[PDB]
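Every protein chain but one is kept in place in this view of the complex.
Chain naming follows the written order as A and B, and within any one chain the residues start at number 1.
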Amino acid sequence: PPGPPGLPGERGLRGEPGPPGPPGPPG
Amino acid sequence: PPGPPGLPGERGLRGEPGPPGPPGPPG
Partner (left out) sequence: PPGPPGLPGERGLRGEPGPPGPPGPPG
């Protein structure tokens, strides 16, 4: 009989941090 | 003789979203 399938792969790496936030309120 | 070699595993889950970015620049 055929062999069993391999186990599912490991979960991917976490994504990169997001970009900088928008500028604060004008002076 | 032993049967056909098993299928490769399923691709892993997508990684988690990245962390929120750093605080934005001063106004």
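In the analysis below, contacts are C-beta pairs under 8 Å (C-beta built on N, C-alpha and C of every residue); 3 or more make two chains touch, one makes a residue touch a chain.
Asker: To test your reading of the contact rule: which positions on chain B touch the chain that is missing from view?
Answerer: On the chain B side, contact with the omitted chain comes from 2-27.
Asker: Give me the chain A residues in contact with the hidden chain, please.
Answerer: For chain A, the residues touching the absent chain are 1-27.
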